[PDB]
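Peer 1: So you can see what is in the structure, the chains are spelled out below.
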Amino acid sequence: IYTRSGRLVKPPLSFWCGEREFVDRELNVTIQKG
Amino acid sequence: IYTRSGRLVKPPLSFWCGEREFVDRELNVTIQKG
Amino acid sequence: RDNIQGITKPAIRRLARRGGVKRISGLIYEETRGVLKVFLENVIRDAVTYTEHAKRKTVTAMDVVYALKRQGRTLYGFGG
Amino acid sequence: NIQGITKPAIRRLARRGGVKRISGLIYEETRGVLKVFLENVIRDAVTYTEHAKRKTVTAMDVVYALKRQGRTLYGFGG
Amino acid sequence: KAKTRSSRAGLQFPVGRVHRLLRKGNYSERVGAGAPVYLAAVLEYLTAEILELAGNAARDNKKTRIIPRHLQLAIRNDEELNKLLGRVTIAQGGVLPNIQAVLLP
Amino acid sequence: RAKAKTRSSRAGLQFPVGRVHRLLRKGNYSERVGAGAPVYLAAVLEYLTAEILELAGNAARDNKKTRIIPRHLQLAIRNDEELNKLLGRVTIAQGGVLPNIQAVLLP
Amino acid sequence: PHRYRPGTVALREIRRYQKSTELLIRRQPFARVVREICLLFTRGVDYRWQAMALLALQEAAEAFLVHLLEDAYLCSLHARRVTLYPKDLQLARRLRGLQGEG
Amino acid sequence: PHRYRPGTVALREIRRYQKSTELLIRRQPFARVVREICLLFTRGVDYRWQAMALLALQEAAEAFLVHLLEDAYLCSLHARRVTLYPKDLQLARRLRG
Amino acid sequence: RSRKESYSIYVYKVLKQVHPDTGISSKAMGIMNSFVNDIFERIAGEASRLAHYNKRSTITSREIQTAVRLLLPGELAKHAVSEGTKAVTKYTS
Amino acid sequence: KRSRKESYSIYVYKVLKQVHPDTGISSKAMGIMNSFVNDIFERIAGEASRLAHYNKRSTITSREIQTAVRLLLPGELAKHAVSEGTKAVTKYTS
DNA sequence: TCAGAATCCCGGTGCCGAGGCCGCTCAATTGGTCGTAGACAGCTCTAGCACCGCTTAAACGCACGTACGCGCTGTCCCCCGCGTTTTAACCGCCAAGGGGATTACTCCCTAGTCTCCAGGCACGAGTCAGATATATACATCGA
DNA sequence: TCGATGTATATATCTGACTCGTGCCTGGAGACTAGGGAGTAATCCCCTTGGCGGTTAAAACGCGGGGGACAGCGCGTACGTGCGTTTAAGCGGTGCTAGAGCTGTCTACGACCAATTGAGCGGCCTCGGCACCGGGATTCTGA
Numbered sequence: 521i522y523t524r525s526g527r528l529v530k531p532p533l534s535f536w537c538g539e540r541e542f543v544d545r546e547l548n549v550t551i552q553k554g
Numbered sequence: 521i522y523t524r525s526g527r528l529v530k531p532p533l534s535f536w537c538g539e540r541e542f543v544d545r546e547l548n549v550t551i552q553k554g
Numbered sequence: 023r024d025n026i027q028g029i030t031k032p033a034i035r036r037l038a039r040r041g042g043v044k045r046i047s048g049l050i051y052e053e054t055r056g057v058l059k060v061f062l063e064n065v066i067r068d069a070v071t072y073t074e075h076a077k078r079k080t081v082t083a084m085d086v087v088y089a090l091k092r093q094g095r096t097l098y099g100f101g102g
Numbered sequence: 025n026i027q028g029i030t031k032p033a034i035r036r037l038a039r040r041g042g043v044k045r046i047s048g049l050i051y052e053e054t055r056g057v058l059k060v061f062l063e064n065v066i067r068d069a070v071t072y073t074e075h076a077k078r079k080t081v082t083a084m085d086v087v088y089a090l091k092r093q094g095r096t097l098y099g100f101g102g
Numbered sequence: 014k015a016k017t018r019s020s021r022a023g024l025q026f027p028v029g030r031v032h033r034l035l036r037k038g039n040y041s042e043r044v045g046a047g048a049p050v051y052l053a054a055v056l057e058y059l060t061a062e063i064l065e066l067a068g069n070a071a072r073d074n075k076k077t078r079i080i081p082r083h084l085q086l087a088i089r090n091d092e093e094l095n096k097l098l099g100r101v102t103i104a105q106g107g108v109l110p111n112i113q114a115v116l117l118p
Numbered sequence: 012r013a014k015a016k017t018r019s020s021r022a023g024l025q026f027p028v029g030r031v032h033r034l035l036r037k038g039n040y041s042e043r044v045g046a047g048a049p050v051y052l053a054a055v056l057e058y059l060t061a062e063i064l065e066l067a068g069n070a071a072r073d074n075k076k077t078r079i080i081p082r083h084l085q086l087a088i089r090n091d092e093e094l095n096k097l098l099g100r101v102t103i104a105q106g107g108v109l110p111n112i113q114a115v116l117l118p
Numbered sequence: 038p039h040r041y042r043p044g045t046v047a048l049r050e051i052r053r054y055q056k057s058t059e060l061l062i063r064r065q066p067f068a069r070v071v072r073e074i075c076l077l078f079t080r081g082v083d084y085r086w087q088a089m090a091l092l093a094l095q096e097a098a099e100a101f102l103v104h105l106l107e108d109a110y111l112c113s114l115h116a117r118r119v120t121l122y123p124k125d126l127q128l129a130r131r132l133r134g135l136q137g138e139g
Numbered sequence: 038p039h040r041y042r043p044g045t046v047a048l049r050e051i052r053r054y055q056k057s058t059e060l061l062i063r064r065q066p067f068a069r070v071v072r073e074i075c076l077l078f079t080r081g082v083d084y085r086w087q088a089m090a091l092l093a094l095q096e097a098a099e100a101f102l103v104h105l106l107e108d109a110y111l112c113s114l115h116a117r118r119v120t121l122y123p124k125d126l127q128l129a130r131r132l133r134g
Numbered sequence: 031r032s033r034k035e036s037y038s039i040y041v042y043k044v045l046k047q048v049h050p051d052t053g054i055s056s057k058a059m060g061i062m063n064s065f066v067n068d069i070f071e072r073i074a075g076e077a078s079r080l081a082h083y084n085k086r087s088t089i090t091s092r093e094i095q096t097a098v099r100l101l102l103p104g105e106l107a108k109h110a111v112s113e114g115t116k117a118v119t120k121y122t123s
Numbered sequence: 030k031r032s033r034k035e036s037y038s039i040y041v042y043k044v045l046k047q048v049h050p051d052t053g054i055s056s057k058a059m060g061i062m063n064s065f066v067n068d069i070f071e072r073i074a075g076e077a078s079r080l081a082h083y084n085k086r087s088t089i090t091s092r093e094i095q096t097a098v099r100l101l102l103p104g105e106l107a108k109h110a111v112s113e114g115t116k117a118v119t120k121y122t123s
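Protein chains in written order, with the deposited numbering: chain L, 521 to 554; chain K, 521 to 554; chain B, 23 to 102; chain F, 25 to 102; chain G, 14 to 118; chain C, 12 to 118; chain A, 38 to 139; chain E, 38 to 134; chain H, 31 to 123; chain D, 30 to 123.
Check before you lean on any hint, since a few could be wrong.
[As the list claims (entries may be wrong)] Derived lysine to any residue pairs resembling SDA-like cross-links, with alpha carbons at most 20 Å apart: (1) K:530 to K:547; (2) B:59 to A:84; (3) D:108 to K:536; (4) B:91 to C:99; (5) C:16 to K:526; (6) G:37 to D:85; (7) D:46 to D:32; (8) F:31 to E:83; (9) B:59 to B:71; (10) F:77 to H:87; (11) D:34 to F:59; (12) F:59 to E:56; (13) C:75 to D:46; (14) G:75 to A:57; (15) A:124 to A:137; (16) E:56 to C:112; (17) C:37 to C:27; (18) C:16 to C:27.
It is worth saying that the hints were derived from the structure and are not from the lab.
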């Protein structure tokens with residue numbers, strides 16, 4: 521699903537398993553799996 | 521065990537079993553238990 | 023009849039059902055009542071302190087909101 | 025160089041935590057947890073030092089980042 | 014003639030009110046000109062995201078009015094938005110329906 | 012003009028009062044500040060500091076050492092019912108942990 | 038006659054109660070408990086409670102209890118059990134203590 | 038010869054490492070890991086870390102890891118085992134997060 | 031009586047803009063009011079702390095950007111900075 | 030030379046020589062005392078500011094600090110803090 | 001119970017960090033205006049509490065059943081405990097310049113105010129989901 | 001695998017608050033002084049190399065075995081579940097008054113400020129707690 525802004529809305533991920541989103545100085549998200 | 525002020529210092533209590541330090545309007549401490 | 027007995031077993035069962043619990047032991051209810059009592063004690067003490075600071079003799083829904091926010095659990099839908 | 029945190033070091037940390045018996049798969053999980061914690065803290069510290077138009081991250085930025093994250097740190101800061 | 018600062022930047026949220034809140038909220042000694050408009054833009058974007066999610070949830074429920082249940086369903090189903098409101102409870106919002114697979118026979 | 016007496020001397024406190032009053036005004040907490048608020052705050056701070064230092068000194072003496080160290084501070088703080096709650100979310104540099112081996116593991 | 042198997046009725050209760058948003062505790066007993074606790078704290082002073090304040094307090098208490106029971110059942114499932122036990126609540130409160138207690 | 042039974046050396050190690058208060062991770066590897074993470078995050082701009090900047094980060098990381106391991110072992114002993122298993126860390130991170 | 035200012039007209043305007051044929055009831059609308067106030071408090075507090083830490087007495091446009099970077103996570107932060115920069119650029123003209 | 034940096038080291042030392050006259054203090058412990066004092070001061074001042082703002086006032090009096098102390102300290106610590114603060118302000122008034 | 005071996009006590013030595021000392025310099029005290037914030041009275045009116053009747057959900061008992069938790073296989077496998085080889089962390093060390101950090105300075109952007117005016121806030125008026133009756137595909141135990 | 005027994009969704013069918021609408025204040029738009037940042041500039045220090053290197057204390061690899069622990073089978077009890085009471089919640093209307101809430105109005109109070117001057121920083125420096133050097137001990141495990 522996409523918003524009118526354009527970002528991808530995603531269901532919550534199991535952070536306790538290590539799954540995490542990578543941010544940077546460019547604020548570019550990067551889905552990372554555990 | 522006492523201090524200069526006089527509060528009864530003891531090892532920390534186990535809040536998870538219901539032990540707590542009740543405090544009233546006049547700040548008189550009532551030691552509670554589970 | 024003590025007031026803390028007002029929170030009956032069916033109420034705790036319904037709360038657990040909303041919490042996803044399927045099977046419940048017979049000794050859960052007393053522990054749940056104790057937890058509810060201590061939570062209520064903390065929140066009510068903070069709310070009464072907030073009210074007494076304001077030189078008011080009745081507590082409002084906003085004071086409970088600040089008490090909950092200070093304790094750590096912000097509440098939405100009652101003014102802030 | 026996440027392998028720099030050696031296997032005995034995790035054992036020492038567990039021993040300081042009162043742990044008597046350790047599995048064989050604990051080390052990778054601990055390395056991942058340390059990596060994510062460091063990622064968050066370093067992100068906040070880098071943002072803090074970027075706002076100050078500085079190029080060397082000071083201990084004060086680390087302390088402020090830890091305080092914002094939720095864990096206050098005493099000692100360092102002067 | 015009179016031109017509202019909210020309309021200059023194409024912002025629905027007010028700029029004068031935000032500037033007054035910043036000045037009267039004892040946040041700092043002085044506030045710049047761009048701080049209120051930046052705050053208004055950020056607030057409007059966040060509100061728009063919340064309202065998109067809430068409206069989609071309401072449409073999925075065969076309704077036309079947004080309610081706390083819809084706001085709770087929309088907020089807790091987006092990861093980037095659940096983290097921001099992680100420590101917040103919403104009145105009359107219910108819970109996300111889930112039953113762990115072990116219980117299911 | 013006569014002689015000058017510090018507000019700490021007038022109130023019988025060791026912690027400064029002028030410094031606390033200045034920090035209250037410069038910190039952007041409110042438009043105006045009263046006259047007894049710095050005295051109240053300084054008294055509270057002095058009481059807390061005295062409590063912490065007395066407990067730390069007792070812990071240091073129990074170790075036959077005449078100098079207070081962060082290990083002594085941690086031992087004093089973590090053994091109190093209230094002082095632990097006041098500093099619950101605080102990590103002290105070079106403090107270690109409380110010795111606690113649970114009874115299940117003991118052979 | 039007809040009789041459902043033990044367990045297949047609680048699932049229907051779970052599905053029904055995770056769908057609605059109405060409060061689960063009776064309103065009047067909760068208000069009475071709140072009044073008693075407030076009176077005991079304030080040492081005899083009669084404090085009046087607004088209509089909205091009691092509702093907000095009840096909402097917060099119900100949400101807190103629901104979350105605590107969720108965590109307790111998480112622990113119970115971790116311990117290879119399907120039954121909630123008193124020690125599960127104690128463990129759940131211990132793992133998220135002074136930081137999450139308040 | 039002489040050979041202690043398994044387990045009786047773990048208790049001695051526990052007491053020895055709980056009595057003392059030094060750091061339990063070597064300085065250079067941790068500093069290199071921190072610098073690598075910062076370099077990856079900043080994407081190519083070199084950043085200098087102060088002498089006390091690394092020490093504070095190491096202290097915080099060590100304290101956090103020790104507390105998390107304590108919670109995980111508490112979870113295991115609730116689960117009626119004396120061994121720290123990977124699922125225990127996940128449960129501990131889930132309940133307090 | 032006494033005036034009770036709130037973010038009412040703006041919330042309804044945004045709802046009209048983004049969902050042309052829906053309305054919001056009273057309870058959800060108060061929830062949105064509280065959410066807006068909470069977010070404003072968070073951003074303003076973070077900006078004030080950032081201004082004080084560097085020994086400055088001004089909340090410029092820079093401080094709010096760094097506060098948004100610190101608080102909002104990931105894509106929300108990126109889009110918020112982009113939209114705020116667009117808004118201030120439009121205002122300057 | 031260098032820039033003056035303010036700290037509560039001297040006052041913490043003065044309090045130390047009142048409860049244990051023969052005991053000294055290290056430097057890391059002095060830093061920890063400085064950090065703890067600053068943290069508690071920030072907590073009390075922030076709570077006082079919030080309490081003043083909620084009541085539509087623009088003055089932080091002793092009453093606000095007293096209520097903040099009652100809110101931020103558990104039990105015996107709160108009671109003794111209120112007692113000592115009231116004693117100090119009463120002595121200051123004369 | 002006897003025999004390795006790790007730990008704590010005990011005394012002697014050298015070290016570097018911590019209490020004072022001296023010098024100095026900003027900021028806090030004294031003393032005195034001057035707007036003004038709020039403490040005190042006074043009044044209105046508005047919700048909060050107590051009560052009376054009437055209509056309905058928890059409590060207590062009773063019969064299955066399946067969850068669980070010691071106890072014994074059992075077994076097996078995997079994580080300590082110790083030994084031997086490898087390696088790299090760390091401690092003194094030259095050095096040197098990039099960037100923090102000064103001072104330390106010098107020259108350009110927001111707050112308060114008075115004048116003007118419109119845009120949100122409060123107070124009346126009209127229906128969509130709430131509730132009421134079928135009904136109906138679900139689904140689920142037991143033969 | 002099907003009968004049907006509770007059932008919780010879909011099908012049609014009447015009713016009170018959200019969105020209209022409009023007064024009308026009270027809070028938003030413009031010129032001009034003055035202190036706070038921007039840009040600049042010599043200075044020194046601390047941090048990262050680029051190396052020095054050596055030494056010695058962890059680290060890695062390997063092997064033996066002893067105890068967790070996971071799968072699994074048995075008993076009994078207790079918490080789930082359906083059916084007949086009765087008990088206190090919920091709804092509605094009255095009413096009375098405590099107490100919030102807005103207005104008037106001065107008076108004690110704190111901001112603002114020139115001028116001192118002494119408390120509190122910085123840099124120096126000895127010596128004594130303290131870590132380290134080396135030498136006898138009680139607790140765990142095979143016989």
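Peer 1: Work down the list of hints and note, for each, if the structure agrees.
Peer 2: For each hint, the structure was consulted:
no.: 1; hint: K:530 to K:547; verdict: 19 Å, holds
no.: 2; hint: B:59 to A:84; verdict: 19 Å, holds
no.: 3; hint: D:108 to K:536; verdict: 25 Å, violated
no.: 4; hint: B:91 to C:99; verdict: 19 Å, holds
no.: 5; hint: C:16 to K:526; verdict: 32 Å, violated
no.: 6; hint: G:37 to D:85; verdict: 11 Å, holds
no.: 7; hint: D:46 to D:32; verdict: 28 Å, violated
no.: 8; hint: F:31 to E:83; verdict: 30 Å, violated
no.: 9; hint: B:59 to B:71; verdict: 18 Å, holds
no.: 10; hint: F:77 to H:87; verdict: 17 Å, holds
no.: 11; hint: D:34 to F:59; verdict: 36 Å, violated
no.: 12; hint: F:59 to E:56; verdict: 28 Å, violated
no.: 13; hint: C:75 to D:46; verdict: 18 Å, holds
no.: 14; hint: G:75 to A:57; verdict: 16 Å, holds
no.: 15; hint: A:124 to A:137; verdict: 18 Å, holds
no.: 16; hint: E:56 to C:112; verdict: 12 Å, holds
no.: 17; hint: C:37 to C:27; verdict: 16 Å, holds
no.: 18; hint: C:16 to C:27; verdict: 12 Å, holds
Of the hints listed earlier, those the structure fails to meet are numbers 3, 5, 7, 8, 11, 12, in rising order.
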